[PDB]
Amino acid sequence: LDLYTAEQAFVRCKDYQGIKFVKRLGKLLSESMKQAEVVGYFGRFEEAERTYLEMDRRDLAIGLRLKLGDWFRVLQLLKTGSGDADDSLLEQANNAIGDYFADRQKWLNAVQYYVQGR
Amino acid sequence: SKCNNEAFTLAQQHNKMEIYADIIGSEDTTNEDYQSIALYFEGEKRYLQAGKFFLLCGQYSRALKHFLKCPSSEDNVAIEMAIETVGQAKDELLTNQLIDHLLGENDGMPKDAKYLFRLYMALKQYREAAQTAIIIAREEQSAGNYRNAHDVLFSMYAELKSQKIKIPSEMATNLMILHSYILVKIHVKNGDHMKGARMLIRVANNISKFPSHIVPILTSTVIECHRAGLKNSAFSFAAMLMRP
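Protein sequence lines, in the order shown, are assigned to chains A and B.
Position 103, counted from 1, in the first sequence is what UniProt numbering calls 812; the numbers after and before it change by one each time, with no gaps.
Position 198, counted from 1, in the second sequence is what UniProt numbering calls 1174; the numbers after and before it change by one each time, with no gaps.
Hint data in this document are derived by calculation from the structure and do not stem from the laboratory.
C-beta: ideal position from N, C-alpha, C; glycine also.
Please note that the accuracy of each hint is not assured.
Partial chain A-side listing against chain B, Cβ under 10 Å, derived [stated by the list, open to error]: (1) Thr789; (2) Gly790; (3) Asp796; (4) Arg827.
Okay, the calculated bits of chain B under chain A, using three or more residues with CB under 8 Å as the criterion [unchecked claim]: (5) 1144–1157; (6) 1183–1191.
Simulated restraints on C-beta separations [stated by the list, open to error]: (7) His1189(B) x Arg759(A): 33 to 39 Å; (8) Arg759(A) x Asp1088(B): 32 to 38 Å; (9) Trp816(A) x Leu1217(B): 25 to 31 Å; (10) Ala718(A) x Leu1217(B): 55 to 61 Å; (11) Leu1217(B) x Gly727(A): 44 to 50 Å; (12) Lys1100(B) x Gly727(A): 44 to 50 Å; (13) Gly1167(B) x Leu712(A): 49 to 55 Å.
This is chain B alone, in the form it adopts within the complex:
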């Protein structure tokens, strides 16, 4: 009906059956900080959905630590939900605690750093979201996964753009370099040697940004610069290759 606890009075009755409390949450469970379900599921050491049921109102500070208490991913949807819970703009110290938890220095096995970006976007501190995006994309680029780095950086760039936020020039430069390298393969694939050669020149001028494939890419550049007629650039890049 509009009852705060009467149907859940019957559900704590019915010999406190779990299924009733599992189903009432989906449509609409209760009100007044939803504390009833908060202790209903937190019983018997079931410290997982009590946090989800604390998302109703100001009961989140209790089981947010329980979400955080897991050094490993107890549930990824729970991780994202706790990120949103921090994003409720409570500005508590547990926000910093979750930042540390996602860093994983107290854990030793933190998950993907995209959650850090999501948390910073939720907190609306966009000076750090861009920095985290740059760090993640640069790490993936250094590891040698340029397609994955380009994908993640583009998605993060679009997430920052969708809010009409001034995107820093460092993020744009990184995205431009990664996308130029991505287009190298496409332009070589169709045999258009001029476009691919120009993109390879743009990559080679930043080849330090592609450490793990410094030697291969440069070689390709020379070949492409030989095909496209950019033989001066080919000579310069090959001379740079003959460093010890």
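For reference, chain A alone in the conformation it holds in the complex:
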């Protein structure tokens, strides 16, 4: 988490994704927030989710799972705790899982959803 040598080395690679990510990370203003961001950067999604949960942030764990497609994970997380808008979030999760099963021609599984969702 130097964010200065990292930016220079990203410039060397001509990696604009890395430069922008480092700039966004520096704009962020908390450690263990940046640590979660960097452990998400490398693809350790389970580690990032556990990190977010340990710092008592179900919100950002939900957001990380929602940027990805792990909607079953969103249902599992929504089962515990409370959120700002959980009915809409769970309806979105159920509709998305219905789409997930229906795009694979797996009806009678998408039919299970689309009903818990509306």
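Knowing the structure of chain A, use the given hints to seat chain B on it.
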């Protein structure tokens, strides 16, 4: 004077008059575990103030069970005093016994669960105090008393905050939702339809947290969303109303 038992020697004398032992306790009674008053009042089956007089020093483990032995509220101040007695950080098994007693599975008529929160705060195990607060507030919210639930949850939140303790996000979310619903009534009362409509949208997005008033509140939301001009939200909420 500074006597451990001389004035109470005269008070066990005076033909062991009760009034003397009732009054000496208020200002200052004795020392050395205060056992003298402990057996003085425990006599004649009077098993109530002996516990209070065992709060002086390490004689509490005897009449703490007697306090606990009552399945019903023999005295509420005695209940709080026994909660403090557990809070003396003795870490005895009678702490677990009082936890069970306040649960009331051995009783059948336990009192309000706020005493459980008080006991957990005294024991300084703040991972369970927050959970008990959440359970109590959620139960009161489900029952349909949102004002009482908000009041109790706020007071418990302030009790946890006063010790500079990291309050869990679940407690903050519950307090935020309850307070938003509380502010719905205020903002509708003064006719400010935009503020009340925003708060009603926030409530309706969690309407499952308000089970017993799912149908009424939602209706109000639509009306408010019609007044404030949030007609798209009104249409969505009314469509959600027309579920069977």
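Verification of the supplied hints:
1. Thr789: 9 Å, holds
2. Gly790: Interface hint status for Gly790(A): holds (5 Å vs cutoff 10 Å).
3. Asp796: With a minimum Cβ separation of about 5 Å from chain B (threshold 10 Å), the hint on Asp796(A) holds.
4. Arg827: Nearest chain B Cβ about 7 Å off; hint holds.
5. 1144–1157: Held - the stretch 1144–1157 of chain B has 7 residues with a Cβ nearer than 8 Å to chain A, which meets the minimum of three.
6. 1183–1191: holds (count 3)
7. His1189(B) x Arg759(A): 33 to 39 Å: 37 Å, holds
8. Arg759(A) x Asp1088(B): 32 to 38 Å: About 37 Å separates the Cβ atoms of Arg759(A) and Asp1088(B), which means 32 to 38 Å holds.
9. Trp816(A) x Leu1217(B): 25 to 31 Å: Holds: the Cβ-Cβ distance is about 28 Å, inside 25 to 31 Å.
10. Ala718(A) x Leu1217(B): 55 to 61 Å: Holds, since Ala718(A) and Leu1217(B) (Cβ atoms, about 56 Å apart) stay within the stated range.
11. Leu1217(B) x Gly727(A): 44 to 50 Å: 49 Å, holds
12. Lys1100(B) x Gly727(A): 44 to 50 Å: 46 Å, holds
13. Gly1167(B) x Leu712(A): 49 to 55 Å: 51 Å, holds
When each numbered hint is compared with the structure, no violation occurs for any of them.
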